[PDB]
Amino acid sequence: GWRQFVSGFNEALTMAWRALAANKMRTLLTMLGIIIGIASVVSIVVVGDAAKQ
Amino acid sequence: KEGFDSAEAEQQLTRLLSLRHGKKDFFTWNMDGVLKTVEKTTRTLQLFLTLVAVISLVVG
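Chains as they are written, first to last, in the entry's author numbering: chain J, 246 to 298; chain K, 477 to 536.
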C-alpha cells in the first residue's frame, strides 16, 4: 500500500533526521560535497550563458 | 627578432620614418602585441577552466 509508503516518507523523514543526528558532522561534509557541486553547476551555467548573451 | 617587444621600436621606427621621410606618413599597424594580448586571453581561459575544474576535483 502507498499509505505506508508516504507514511514511510515522513516518518522515515524523521528517522532520517535522527540518523543524521547520529552523524551531523559526516552529514555536514557530505552535504557540503553536494552543495559546492550543484552551486558550481548553476553558477557556471548561468555565467556562461550570460557571457554568451 | 630578439624576442623583442612590438610595442618598442615601432615608435623608434616612427621617428625613423619621420626622419628618412620629411613627414610622418608610414602609419603602420602594430604587430605581435595583438598576439600578446590574445595569448594572455587564451591562457586566461586556460586559467579559468583548469582552475575551476581542479577545484571541483579537490571538492571530489
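A hint or two may mislead.
Some chain J residues judged to face chain K by a derived CB distance under 8 Å, without partners named [what the hints assert, rightly or not]: (1) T275; (2) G278; (3) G282; (4) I283; (5) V287.
Source of the hints: derived by calculation from the structure; they are not laboratory data.
Even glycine gets a Cβ: it sits at the ideal position worked out from N, Cα and C.
Next on the checklist: Hint by hint, where does the structure go against what was stated? Just the numbers, ascending.
Outcome noted: 1, 4, 5
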